[PDB]
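All protein chains but one are shown at their positions in the complex.
Letters are used for the chains, namely A, B and C, taken in the order the chains are written, and counting of residues starts over at 1 for each.
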Amino acid sequence: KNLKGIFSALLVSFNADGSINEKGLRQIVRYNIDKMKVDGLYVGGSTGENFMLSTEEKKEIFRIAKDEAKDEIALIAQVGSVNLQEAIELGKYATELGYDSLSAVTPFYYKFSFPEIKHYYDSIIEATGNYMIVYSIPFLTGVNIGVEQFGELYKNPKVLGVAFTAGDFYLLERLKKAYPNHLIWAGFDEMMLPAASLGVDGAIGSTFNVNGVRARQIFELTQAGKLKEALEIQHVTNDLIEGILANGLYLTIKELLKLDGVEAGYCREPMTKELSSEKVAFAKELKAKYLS
Amino acid sequence: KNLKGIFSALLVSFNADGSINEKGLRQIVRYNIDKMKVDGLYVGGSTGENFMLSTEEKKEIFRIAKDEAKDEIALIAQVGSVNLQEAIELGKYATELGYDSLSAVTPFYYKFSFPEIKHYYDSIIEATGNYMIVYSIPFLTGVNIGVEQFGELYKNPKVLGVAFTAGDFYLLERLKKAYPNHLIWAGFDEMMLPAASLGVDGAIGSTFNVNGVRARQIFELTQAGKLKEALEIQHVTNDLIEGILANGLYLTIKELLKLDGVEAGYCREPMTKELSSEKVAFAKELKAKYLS
Amino acid sequence: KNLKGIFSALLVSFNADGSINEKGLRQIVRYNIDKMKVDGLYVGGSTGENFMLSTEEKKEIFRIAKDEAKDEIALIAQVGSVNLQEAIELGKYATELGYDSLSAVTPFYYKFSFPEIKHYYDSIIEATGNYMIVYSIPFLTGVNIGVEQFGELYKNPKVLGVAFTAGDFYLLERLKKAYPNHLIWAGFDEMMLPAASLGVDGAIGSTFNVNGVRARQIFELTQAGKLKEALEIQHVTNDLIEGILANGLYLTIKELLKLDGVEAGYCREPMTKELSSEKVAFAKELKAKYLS
Partner (left out) sequence: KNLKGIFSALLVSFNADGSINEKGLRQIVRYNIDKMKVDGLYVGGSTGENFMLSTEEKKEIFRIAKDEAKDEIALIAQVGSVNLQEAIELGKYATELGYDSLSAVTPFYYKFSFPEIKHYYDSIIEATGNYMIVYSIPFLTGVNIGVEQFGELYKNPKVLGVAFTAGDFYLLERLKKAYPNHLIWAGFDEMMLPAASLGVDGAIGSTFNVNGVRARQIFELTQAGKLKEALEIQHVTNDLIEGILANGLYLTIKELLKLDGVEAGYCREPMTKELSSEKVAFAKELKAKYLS
């Protein structure tokens, strides 16, 4: 499949006790495919609360997402972990499920050297035989990969490019300049327009599973050169995103899904599991102003 | 005058002993006006080696720049300093010289509170009666001003906006959204295109006093919606800028001015005063590839 | 048991394939008890490569260490995780093994609020009924808990104090002023003397695996006010630690164990699994100079 364009970073529905709610998770997937009209899903990312889950849970989410989506859309499986043996086990499972590409966060917590980082990517690829997308998220991992280092990663022909949840647009431009055949997916939804202006190939975003219509319009208008209109739509989206961030990101996207009848459920502990009354009321105001 | 568009951050020619070379400084000003075709000059900024100079030297530079440029172009005088009494003295002098606006760096070194910062801006404005442009450069000062704080600064009607040498494009978009009548000048030349895509009103840049032709083309093509062409010109400019940064920023821009017959002189100690042979040869290669 | 004094952060022996080497792990435990004469072991900390391992592997390590040590020394089980359900499962298992206290890293990766972090500690305690030591390691997690926040955690009376792998000695002194009955274990071996001078109750350290004799001397001499002699031993200790850090921290402590007959094995991928030959020779030099 084509891996360009708009990918929601899939949110997962949890029950009160923190178990996966399969019915809810399917409604989320269905909603992204049918109503947000995404090109694909990025499953197991930070937005899916992935790092708070067990390996078996992560497998269940991969299985459920793929069974619901089938081949209607492109699917990318984020399998990265500080535990390389887990990342390999997950990448094999996702590959056998038919995921179109793997993705892996740079290994974190410990301060890994660049050679260790590369060996981690190469090891997942060798064990799975699947494509790989580097998942770069410096504001969470503390890891900053430079132009020449991405090029060493790109010496492995199964590495397709980078899910770039980073805000350095000089680095962004330089990666496009040096590796014009490798892909970049912008990761910060509130900076989609300036990333689109630099020729990114698509975007992966949490807010796309409620705002995926505007997200597509910004992306398409910008790359068609209609910046005045793309900018307008970016301004309204950033009103919504500022609202969502203030109110509590994952819970608030989930609340916005609930207001459209998607049983998007609780967040997983240790995240706060549920919005207070006041925050529910604020999310309803966001819905009325921006998504109704 | 109109303060929109392309402003070179003026470089200053020094002699071997660190004194200002007036003939050189005039040739720099002349070159920006006549060959780079800038809309204005930003005098006394970080690029002018301002923070390594005495108050009397800074005054001489203001006097010389204004006497050479006259009213051919817009002139902005950066007068900020950890010493508020110096900043007031400089802002008065620049105002009496006819500078179109003042600008001041956020006070630095000490960790000033936001109220102290605002009192500094308001004090300069009250003493001078001139317009003020906030000079925000977090990667040097460590000071990060937020949307609501810019709005408190903008309660003073003589504050025109911000010289934004910062790379947070979410903040950038938010400032345009909240204060659509206040101006923003992008400060990172290697990120001009994505800043132009968000509707900045112009740019202040060191590299414009050798690359001000391409800088204008990126700015105009982007805001006319021709992103494919603006992107191309941004890629070549960033090859040049990457070169310049690797070789030594201020010295290398000065070397590029010398290759066009501008006596751009030495840098001021404690900066390295002169390029080595090897670095001169590299700057000549930059000239041959990008500016000939 | 008395939980004061010298605790080695237990290293784990791995096979070439990343699996646990039980014989090797047992010999490490024995070497600590019998040769390093430690007061206890801190098991499953960052030093034990814990965050690269499966839930089952962590349990296996808890089981082995307890089996070897029996009740000859104190044992603390680090059970913290970004996965709260994992932390609870591990905390219950270590509690059933008869671990003298649990400990848990502040939840990391995601940017959790202080209420969420407190809820995480309280939930582990509620589920296990065991003592809890907060594991604070800001340079790996980016989380910095302040004096008032420690006080809120200390409202739970099963919270004993803090494994303070942190370098702020004003915070350290302030915690002892505020909470004089709560314990502190210093976590930077190379700053043992100044931490001991502030009246910490013990220390938890990776290098105590090989240098536990000097570590006890620094600690005991410092608390007796014999600073001249403590400082001497700290200088030699720090020559060794500087060499260990330059050569590769966990690999080099393992090599130093191997040089004494202990089957300390490989590191676990994605860490580099073995030293280069050059670095093996360097560990031999350290052994000859500092440990023979």
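The working rule: contacts are C-beta pairs under 8 Å (C-beta built on N, C-alpha and C of every residue); 3 or more make two chains touch, one makes a residue touch a chain.
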Notebook entry, point to check: The complex has one chain that is not drawn here; which of the drawn chains does it touch?
Noted result: B, C
Notebook entry, point to check: Which one, B:98, B:129, B:142 or B:146, makes contact with the chain that was left out?
Noted result: B:142
Notebook entry, point to check: Among C:78, C:165, C:209 or C:234, which residue is in touch with the absent chain?
Noted result: C:234
Item checked: Hidden partner chain, touching residue among B:22, B:60 or B:86 -> B:86
Margin query: For subunit B, which positions touch the chain that isn't shown here?
Written below: 18, 46, 51-55, 82-86, 107-113, 115-117, 119-120, 123, 140-142, 269-272
Next item on the list: List the residues of subunit C that touch the chain left out of this view.
Entry: 167-170, 173-174, 176-177, 188, 190-191, 193-195, 197-199, 222-227, 230-231, 234-235, 238-239, 242
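Note that only the chains that are shown with their structure count from here on.
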Check: What is the distance in Å between the mean C-alpha positions of subunit B and subunit C?
Finding: 51
Next item on the list: Could you put a whole-Å number on the gap between the CA centroids of subunit A and subunit B?
Entry: 38
